[PDB]
Every structure is written in C-alpha cells, then in structure tokens.
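Student: Based on these hints, arrange chain B on the given structure of chain A.
Here is how the chains run, residue by residue.
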Amino acid sequence: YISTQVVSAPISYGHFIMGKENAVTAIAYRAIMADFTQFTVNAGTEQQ
Amino acid sequence: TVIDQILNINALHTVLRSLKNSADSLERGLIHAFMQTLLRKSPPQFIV
Numbered sequence: 378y379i380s381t382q383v384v385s386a387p388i389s390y391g392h393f394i395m396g397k398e399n400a401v402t403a404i405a406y407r408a409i410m411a412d413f414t415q416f417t418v419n420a421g422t423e424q425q
Numbered sequence: 010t011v012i013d014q015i016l017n018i019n020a021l022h023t024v025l026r027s028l029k030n031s032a033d034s035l036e037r038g039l040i041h042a043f044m045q046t047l048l049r050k051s052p053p054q055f056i057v
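Here the protein sequences line up with chains A and B, keeping their order. If you're matching positions, the first sequence starts at 378 in my numbering and goes up one per residue. If you're matching positions, the second sequence starts at 10 in my numbering and goes up one per residue.
Looking at chain A on its own, in the form it has when it is part of the complex:
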C-alpha cells in the first residue's frame, strides 16, 4: 500500500502585513481585526 508520488507543495512562507487601518486599531483599541478591509467593504451590501 506504499507509493511515492509528486504533490504540488508550497515552498515559501505566507505574508500578513498590516494596513494603516490595523495600526490605527492596534493603537487605539489594543486589538486587530483580521480581514478588516473585506469586513469593512461588505458592510451595507447584502453579502454581509
């Protein structure tokens, strides 16, 4: 039951860099929302 096969693997680390939004919330409110911009722009639309 043992085989060897070729698998599409990642090679580099991911990123997550803050925005100005996250730096502002980190200083004012001691916290970070992740996906703060997607979160923001889906507010008043139907697809909350």
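Hints are not guaranteed to be accurate.
[Unchecked claim] Between beta-carbon pairs, the in silico distance windows are:
1. A:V418 to B:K29: 37 to 43 angstroms
2. B:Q14 to A:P387: 25 to 31 angstroms
3. B:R37 to A:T402: 54 to 60 angstroms
4. B:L39 to A:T402: 42 to 48 angstroms
5. B:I12 to A:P387: 37 to 43 angstroms
6. B:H41 to A:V401: 40 to 46 angstroms
7. B:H41 to A:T402: 44 to 50 angstroms
8. B:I12 to A:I388: 27 to 33 angstroms
9. B:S34 to A:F413: 54 to 60 angstroms
10. B:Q14 to A:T417: 17 to 23 angstroms
11. B:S34 to A:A411: 44 to 50 angstroms
12. A:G421 to B:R37: 53 to 59 angstroms
13. A:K397 to B:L21: 43 to 49 angstroms
[What the hints assert, rightly or not] A few chain B residues that face chain A, going by a derived Cβ cut-off under 7 angstroms, partial list only:
14. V11
15. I12
16. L16
[Said to hold, decoys possible] Anything over 12 angstroms on all C-beta distances counts as not near chain A; from chain B, calculated:
17. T10
18. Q14
19. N19
20. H22
21. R26
22. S27
23. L28
24. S31
25. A42
26. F43
27. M44
28. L48
29. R49
30. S51
31. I56
What the hints contain is simulated information worked out from the structure, not anything from laboratory work. The beta carbon of each residue, even a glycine, is placed where N, CA and C say it ideally should be.
Tutor: Using the frame of chain A, we list chain B on its own:
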C-alpha cells in the same frame, strides 16, 4: 511594519518638540534671570 513606523515617527516628534520646548525655556529663563538681576539692583523709590 506599520506599527514600527508609527512609533518611529512619534519618537522623532517627541525629540524635536522637546528640543523646541527647551529653546523656548532658555529664552524665558533669559527673561527671568535678567528680571531677577534688575530686582536685585533696584533700590526703592523713597531711598532714591
């Protein structure tokens, strides 16, 4: 990072604005020391 840029530019403003405060303080101390010496020198009006 964005937070490190925030703290860098805030520390730079703290240093610059404290230098401005110190220069203003030296000018007002010049005012006060000169007024101190005029009051040490000035005899009262009835004596004069």
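Student: Between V418 (chain A) and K29 (chain B), does the beta-carbon spacing fit 37 to 43 angstroms?
Tutor: For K29 (chain B) against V418 (chain A), whose Cβ atoms are near 41 angstroms apart, the range 37 to 43 angstroms holds.
Student: Take a look at whether the Cβ-Cβ distance between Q14 (chain B) and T417 (chain A) falls inside 17 to 23 angstroms.
Tutor: 22 angstroms, holds
Student: For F43 (chain B), is the shortest CB-to-CB distance to chain A above 12 angstroms, so the non-interface label stands?
Tutor: Correct as stated: the minimum Cβ-Cβ distance to chain A is 44 angstroms, above 12 angstroms.
Student: Holds or violated: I12 (chain B) as interface residue toward chain A, Cβ cutoff 7 angstroms?
Tutor: 5 angstroms, holds
Student: Quick one: are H41 (chain B) and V401 (chain A) within 40 to 46 angstroms, going by C-beta?
Tutor: 42 angstroms, holds
Student: For the hint 43 to 49 angstroms, verify it against the beta carbon of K397 (chain A) and that of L21 (chain B).
Tutor: 18 angstroms, violated
Student: Can we confirm that no CB of chain A comes within 12 angstroms of the CB of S31 (chain B)?
Tutor: At about 27 angstroms from chain A, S31 (chain B) clears the 12 angstroms cut-off, so the statement holds.
Student: Quick one: are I12 (chain B) and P387 (chain A) within 37 to 43 angstroms, going by C-beta?
Tutor: 27 angstroms, violated
Student: Answer holds if the nearest beta-carbon of chain A is closer than 7 angstroms to that of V11 (chain B); otherwise answer violated.
Tutor: 4 angstroms, holds
Student: Is the hinted range of 44 to 50 angstroms satisfied by the C-beta distance from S34 (chain B) to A411 (chain A)?
Tutor: About 46 angstroms separates the Cβ atoms of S34 (chain B) and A411 (chain A), which means 44 to 50 angstroms holds.
Student: The output says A42 (chain B) does not contact chain A. Does that hold with a beta carbon cutoff of 12 angstroms?
Tutor: Given a closest Cβ separation of 42 angstroms, the condition holds.
Student: Is it the case that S51 (chain B) keeps its Cβ farther than 12 angstroms from each residue Cβ in chain A?
Tutor: At roughly 54 angstroms from the nearest Cβ of chain A, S51 (chain B) sits farther out than 12 angstroms, so the non-interface label holds.
The structure fails to meet hints 3, 5, 9, 13, 16, 17, 18 and 19 from the earlier list, while all remaining hints are met.
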